[PDB]
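Peer 1: Letter by letter, the chains look like this.
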Amino acid sequence: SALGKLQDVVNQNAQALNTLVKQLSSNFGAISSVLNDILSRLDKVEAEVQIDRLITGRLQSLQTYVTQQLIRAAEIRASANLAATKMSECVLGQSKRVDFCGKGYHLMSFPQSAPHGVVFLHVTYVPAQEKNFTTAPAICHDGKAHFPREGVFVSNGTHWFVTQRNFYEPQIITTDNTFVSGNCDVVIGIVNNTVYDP
Amino acid sequence: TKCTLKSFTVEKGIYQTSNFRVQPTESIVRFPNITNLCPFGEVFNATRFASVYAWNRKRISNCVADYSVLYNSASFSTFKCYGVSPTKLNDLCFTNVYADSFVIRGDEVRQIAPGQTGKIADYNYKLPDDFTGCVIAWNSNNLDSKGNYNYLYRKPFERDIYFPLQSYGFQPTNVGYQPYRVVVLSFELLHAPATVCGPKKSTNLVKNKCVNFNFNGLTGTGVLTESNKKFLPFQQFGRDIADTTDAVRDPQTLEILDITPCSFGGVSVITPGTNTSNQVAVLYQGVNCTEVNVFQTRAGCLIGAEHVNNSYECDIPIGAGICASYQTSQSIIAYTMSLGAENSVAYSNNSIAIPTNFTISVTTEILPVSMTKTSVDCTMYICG
Amino acid sequence: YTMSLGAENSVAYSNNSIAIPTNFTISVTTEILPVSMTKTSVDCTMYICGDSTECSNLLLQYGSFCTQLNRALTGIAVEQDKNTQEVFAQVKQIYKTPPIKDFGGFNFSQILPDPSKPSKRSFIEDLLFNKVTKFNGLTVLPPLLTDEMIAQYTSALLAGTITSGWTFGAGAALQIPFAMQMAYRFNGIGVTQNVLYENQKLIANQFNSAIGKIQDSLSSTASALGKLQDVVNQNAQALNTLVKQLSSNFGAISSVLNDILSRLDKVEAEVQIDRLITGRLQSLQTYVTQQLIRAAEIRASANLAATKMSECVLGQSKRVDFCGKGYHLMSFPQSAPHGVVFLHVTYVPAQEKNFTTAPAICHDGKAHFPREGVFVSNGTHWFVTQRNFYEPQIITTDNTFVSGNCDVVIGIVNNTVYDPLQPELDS
Amino acid sequence: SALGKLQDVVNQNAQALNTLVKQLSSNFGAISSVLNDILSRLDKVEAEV
Ligand SMILES: *[C@@H]1O[C@H](CO)[C@@H](O[C@@H]2O[C@H](CO)[C@@H](O)[C@H](O)[C@H]2NC(C)=O)[C@H](O)[C@H]1NC(C)=O
Ligand SMILES: *[C@@H]1O[C@H](CO)[C@@H](O[C@@H]2O[C@H](CO)[C@@H](O)[C@H](O)[C@H]2NC(C)=O)[C@H](O)[C@H]1NC(C)=O
Ligand SMILES: *[C@@H]1O[C@H](CO)[C@@H](O[C@@H]2O[C@H](CO)[C@@H](O)[C@H](O)[C@H]2NC(C)=O)[C@H](O)[C@H]1NC(C)=O
Ligand SMILES: *[C@@H]1O[C@H](CO)[C@@H](O[C@@H]2O[C@H](CO)[C@@H](O)[C@H](O)[C@H]2NC(C)=O)[C@H](O)[C@H]1NC(C)=O
Ligand SMILES: *[C@@H]1O[C@H](CO)[C@@H](O[C@@H]2O[C@H](CO)[C@@H](O)[C@H](O)[C@H]2NC(C)=O)[C@H](O)[C@H]1NC(C)=O
Ligand SMILES: *[C@@H]1O[C@H](CO)[C@@H](O[C@@H]2O[C@H](CO)[C@@H](O)[C@H](O)[C@H]2NC(C)=O)[C@H](O)[C@H]1NC(C)=O
Ligand SMILES: *[C@@H]1O[C@H](CO)[C@@H](O)[C@H](O)[C@H]1NC(C)=O
Ligand SMILES: *[C@@H]1O[C@H](CO)[C@@H](O)[C@H](O)[C@H]1NC(C)=O
Ligand SMILES: *[C@@H]1O[C@H](CO)[C@@H](O)[C@H](O)[C@H]1NC(C)=O
Ligand SMILES: *[C@@H]1O[C@H](CO)[C@@H](O)[C@H](O)[C@H]1NC(C)=O
Ligand SMILES: *[C@@H]1O[C@H](CO)[C@@H](O)[C@H](O)[C@H]1NC(C)=O
Ligand SMILES: *[C@@H]1O[C@H](CO)[C@@H](O)[C@H](O)[C@H]1NC(C)=O
Ligand SMILES: *[C@@H]1O[C@H](CO)[C@@H](O)[C@H](O)[C@H]1NC(C)=O
Ligand SMILES: *[C@@H]1O[C@H](CO)[C@@H](O)[C@H](O)[C@H]1NC(C)=O
Ligand SMILES: *[C@@H]1O[C@H](CO)[C@@H](O)[C@H](O)[C@H]1NC(C)=O
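Protein chains in written order, with PDB author numbering: chain A, 943 to 1140; chain B, 299 to 444, 447 to 454, 462 to 468, 489 to 501, 503 to 620, 641 to 676, 689 to 744; chain C, 695 to 827, 854 to 1147; chain D, 943 to 991.
Okay, chain A solo, but in the shape it has when bound:
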């Protein structure tokens, strides 16, 4: 059932061909649906009144197939243009587009072929095993407010560290990890800790 879309596209086209074939058996108001019954039984003056019912019916029944195949082809073309867009952005690159290249943060994708379709094996970094930390938007030092260059400030409870947003890895807060702007009085929720100068 993981293949469900490709098998559905096979089944719809097989069901449409079978329905178009079965419609040859329908009478449409002629004396028989087997055309050679009409042509053997009726003279070619009476017979045209009967055969034109089968032509009217079978023509309408072919247009009903072709119209649905044109609409179904547009639905497959919309999927092929999406698959070509996934091939370009997701296999040939790496995507910033959330949930485009599978759930998680996208790393890379490997294309595999399948009957009437394509299958992408999207490789994604999913973050796991959280810890809760106390946090602050900035650090006061010499009245200067310091903000993080990369990542966020966090505390284990006793000490203040800076760390990257998506993987806990604590670093001592320094003038290399942080940049100054303005002074302590301006920022809601700023906290006091020493900022180390290497």
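To be clear, the hints were calculated from the coordinates, so they are not data collected in a lab. From the three backbone atoms N, C-alpha and C, an ideal C-beta is built for every residue, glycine too. Take these hints with a grain of salt, some might be off.
[Stated by the list, open to error] Between beta-carbon pairs, the in silico distance windows are:
#1 C/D936 to B/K733: 54 to 62 Å
#2 A/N1125 to C/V705: 35 to 43 Å
#3 C/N1074 to B/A701: 53 to 61 Å
#4 C/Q1071 to A/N1098: 41 to 49 Å
#5 B/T676 to A/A1026: 29 to 37 Å
#6 D/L981 to C/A956: 34 to 42 Å
#7 C/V1068 to B/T723: 35 to 43 Å
#8 D/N978 to C/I1013: 33 to 41 Å
#9 B/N658 to C/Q957: 38 to 46 Å
[To be verified] Derived list of chain B stretches under chain C, where covered just means 3 residues or more per stretch with a C-beta under 8 Å from a C-beta of chain C:
#10 545–554
#11 695–706
#12 732–744
[Unchecked claim] Only pairs whose alpha carbons sit at most 27 Å apart, straight line, appear in this in silico DSSO-like list of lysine-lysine:
#13 A/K1038 to C/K964
#14 B/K386 to C/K1073
#15 C/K964 to B/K557
#16 A/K964 to B/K557
Since the structure of chain A is already known, use the hints to place chains B, C and D with the ligands on it.
Peer 2: Frame of chain A, contents of chains B, C and D with the ligands only:
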């Protein structure tokens, strides 16, 4: 379900197989309660008939007639009917009927036909292109063939009282050269009070129960009730957008009956796979359970599935937040679908959660790209 | 009149002039998308014939022409729940907000759910629900998700977004303070995060006031819902056209099929009824073809709305003019009848100053280039500043990197570049 | 051939119009496809069929 799918195996799902309809218990027949017998003997056995330029016109009204008495008579050389069949006339009725009466040559009977070509047809007696009624005629060579030289000829239904005067010559020695008397019965199917009707007796009226009614010829299946429809004194019927009659004045008690088609709806059959169980549940769409282990959903009355107080992922979707599944000793159950586990995020103005680890996930995504390249020889398909 | 294309603007370009915005406006550009349409379903025999066996015995002579219409409309009807599912059910847990609404000054009370209601829509969702407004074998089926379940999914997406940002799009929701989430979002548009903290009350007041103007737009202007009311109108116009085609004669003596059967014997009546079967079947095939083409147009809109949900709500978008107008900060989903509405929050830069500028600066023979931002001068002193908010800083070996020498670069200018390590030694 | 998409969108819409125009000449089972060659030859009751 197996006959809807044309299959002996059915997958887990819901299938729109059939339509539930309450059936008519009895047939209810209503006509004007009037008992005079129509003057058709005065029309068909008269001593003299008019010339075809002049043609008299009886109006028949306020009376009852049997048309089968005319249709089974050996007297008539034709009985051709248009917009009604002569077998049906006794089951059906009309606001007015008219009988046009006159004498013609037998070579000209086919000029008394709707829209047909001819000298009598254009100058003095065109039947409308959209006629409804019957042409009845007989050779009158026993009465009009004295010879006799009197009967005279030159928009539809218009009388026309060198010379504009030409007349036939009828001798009893003359088949197409003989005189014929022709009667044309024209029937006034207005959406108005009937006054000329077939011999068929009316029943008593029935209400709230489903019936196969007939009012004045308006055959139809439906529940009849009294109504809030304040008809004005001249109104006989009401209609829906689909032209179908939607109320009627009763032709005897003169009250304003509602018509509602008897309680009906689509049937969906809810099933696990036959590859698992032959037990099934049924949804009667869009109906209260009162006309149909029974559970009113907002989609319809659901029968044969147990209502379960829990919530789960939607296995077979029914509609309006309800789903069904086959579960534990096992049966079909119906439940309000779960949207997901419920989670208060531990937010506060100074708390952050940072992941200490990761999992590399690989997710398969499947996309169609190209369907089968069918191609069809439309000449061989249509013509073999 | 000949239509105006817009006001004309000679941009003040010259090879050494730059305009830098000294200030911004937070804006909330609403966007409205159809997602689903009325799940119609038809009994093709009850439409074409309707309670006549004398007609059904003729309609059987047309074969699967009837049952493939039921098949086609079932295809559309089951797909409208797929469209609704893929747009809203992008989250596997129902997130809910904390009891205390300490969101750093931002006031979500007009977009979070209201307990005062039988279906717990938000205040702006009640405005959106107000502005959008048979016996002939035709039927309308209910959606799988009720408007109360849709309102729980928009609350889960929104309570996720407010408490945890993009992180619930990847894993389980990671809580973060909303004043720190907006500082991530400002780095996302290349604006230095201290531009949030040093303006946090202003940014909160601009967001709160922009949410104020959404309620005024949606209260005053019913044509705001134009794309959704259009889909409701087309799916009603198509049903009324289909119902009116029951009254048409198609060349029969009447369109009332019981007034053929009561008037005519089976020799004559089979000629008349086949004109009504031929006509009504052509009318039903026309309706189903219109609905298949119209359903493919709604599916393209649902796949777009699911993409807007994934990229604008569960993330932040680099894609210009995709999530609103301006540089994108975040979007909040709101449900509406047969659709979704996104309240796209955006940073729009607002109050320019004109500056003299240079691509590089010569110090002692070395050419210095900016690490972040651009060089500018007020007319006497040279500064470096970020591209999207005027914040001038002293030009230094921390702000800049060297390459080559002065000879290589068209339009380089002379200045001192300060090196903080020198007075750090010499003090 | 570089402009091929725009030129083919111009071609398809022109071929669809010529197909629709040509179908005025088809008989569909009438005695003639020229409507006036029915109305000038058959009386306005026989002509209706
Ligand atoms: C918070 O983190 C700091 C540094 O990781 C911890 O401080 C260290 O604690 C160990 C003993 O557990 C000492 O040997 C180190 O010398 C300490 N380092 C410093 C810089 O003092 C601190 O214990 C952690 N606190 C909590 C509550 O986990
Ligand atoms: C951060 O540190 C500063 C000093 O560096 C603290 O300022 C003192 O605050 C108290 C209480 O308001 C005043 O009585 C003192 O006069 C302040 N001292 C100075 C030197 O200004 C400040 O309160 C600390 N903030 C936090 C959040 O801990
Ligand atoms: C958040 O904003 C809402 C309005 O958008 C505030 O609620 C309204 O407050 C005014 C008075 O200021 C009342 O007249 C309205 O009746 C309130 N409306 C509703 C729906 O409650 C709300 O007070 C603001 N929150 C804070 C913390 O200021
Ligand atoms: C940036 O623009 C905003 C307006 O978008 C300015 O804020 C307004 O400032 C005036 C006084 O200068 C007040 O009367 C308004 O009430 C303020 N509006 C808001 C929403 O707070 C802001 O002062 C400008 N900042 C700079 C540096 O120019
Ligand atoms: C360009 O900006 C600089 C810095 O703001 C201005 O230089 C200062 O000018 C004031 C007097 O207006 C002096 O008190 C300061 O000591 C100057 N600072 C320095 C570093 O020299 C400069 O005036 C501005 N120029 C223009 C044309 O506005
Ligand atoms: C930047 O400053 C240097 C001097 O510090 C300028 O170099 C002088 O340019 C003139 C004219 O070309 C020469 O006559 C001198 O011999 C140059 N001096 C040296 C030491 O090379 C340079 O032209 C200035 N550039 C700009 C863009 O102002
Ligand atoms: C974080 O701490 C809060 C304290 O109330 C707790 O409810 C929550 O479950 C914790 N989350 C994790 C992932 O440890
Ligand atoms: C956070 O909220 C508490 C009260 O719940 C308050 O004491 C504290 O000052 C607030 N800090 C910030 C950063 O808003
Ligand atoms: C006409 O009169 C004859 C007797 O002269 C009678 O047998 C016949 O039934 C009458 N027909 C009608 C229509 O009254
Ligand atoms: C019809 O007959 C009934 C009795 O059978 C009588 O009560 C009713 O008033 C009559 N209606 C008319 C219109 O004469
Ligand atoms: C389906 O039924 C067959 C027996 O008819 C059985 O062998 C097979 O295992 C079943 N499959 C499933 C998925 O239950
Ligand atoms: C069903 O009908 C009964 C009366 O016949 C009524 O009490 C009940 O409220 C109805 N329920 C619905 C959902 O129509
Ligand atoms: C479901 O639970 C409610 C109480 O929460 C109770 O009133 C109702 O009778 C229960 N129904 C069933 C079928 O268990
Ligand atoms: C910048 O200066 C030029 C001087 O001609 C002026 O035309 C232009 O309007 C100014 N632009 C802004 C944003 O102030
Ligand atoms: C800029 O343009 C002026 C003339 O408008 C010219 O004198 C100057 O050399 C140019 N500088 C650069 C860097 O192109």
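Peer 1: For each hint, tell me whether it holds in the structure or not.
Peer 2: Consistency of the hints with the structure:
1. For C/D936 and B/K733, the Cβ-Cβ distance of about 56 Å falls inside the hinted range of 54 to 62 Å, so the restraint holds.
2. At roughly 38 Å, the beta carbons of A/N1125 and C/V705 sit within the given window of 35 to 43 Å.
3. The given range of 53 to 61 Å is respected by C/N1074 and B/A701, whose C-beta atoms sit roughly 56 Å from each other.
4. Our hint of 41 to 49 Å for C/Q1071 and A/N1098 holds, since their Cβ atoms are close to 43 Å apart.
5. A hinted range of 29 to 37 Å is violated for the C-beta pair B/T676 and A/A1026, which are about 47 Å apart.
6. A C-beta distance of roughly 40 Å is found between D/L981 and C/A956, which places it inside the suggested range of 34 to 42 Å.
7. In this structure, C/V1068 and B/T723 meet the distance hint of 35 to 43 Å, their C-beta atoms being roughly 37 Å apart.
8. Our hint of 33 to 41 Å for D/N978 and C/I1013 holds, since their Cβ atoms are close to 36 Å apart.
9. Checked against the hint of 38 to 46 Å, the pair B/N658 and C/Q957 passes, with Cβ atoms roughly 42 Å apart.
10. Counting residues of the region 545–554 of chain B whose CB lies closer than 8 Å to any CB of chain C gives 5, so the stated coverage by that chain holds, three being the minimum.
11. Coverage of the region 695–706 of chain B by chain C holds in this model, with 9 residues showing a Cβ closer than 8 Å to a Cβ of that chain against a need of three.
12. With 0 residues having a beta carbon nearer than 8 Å to a beta carbon of chain C, the region 732–744 of chain B misses the requirement of three or more and the stated coverage is violated.
13. At roughly 52 Å between alpha-carbon atoms, A/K1038 and C/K964 are farther apart than 27 Å, so this suggested pair is violated.
14. This hinted pair does not check out: B/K386 and C/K1073 have alpha carbons roughly 94 Å apart, beyond 27 Å.
15. Distance check on the hinted pair: C/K964 and B/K557 sit about 23 Å apart at the alpha-carbon level, within 27 Å; holds.
16. The hinted pair formed by A/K964 and B/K557 fails the criterion: a straight-line CA distance of about 49 Å is larger than 27 Å.
Checked against the numbered hints listed earlier, the structure breaks hints 5, 12, 13, 14 and 16; every other hint is satisfied.
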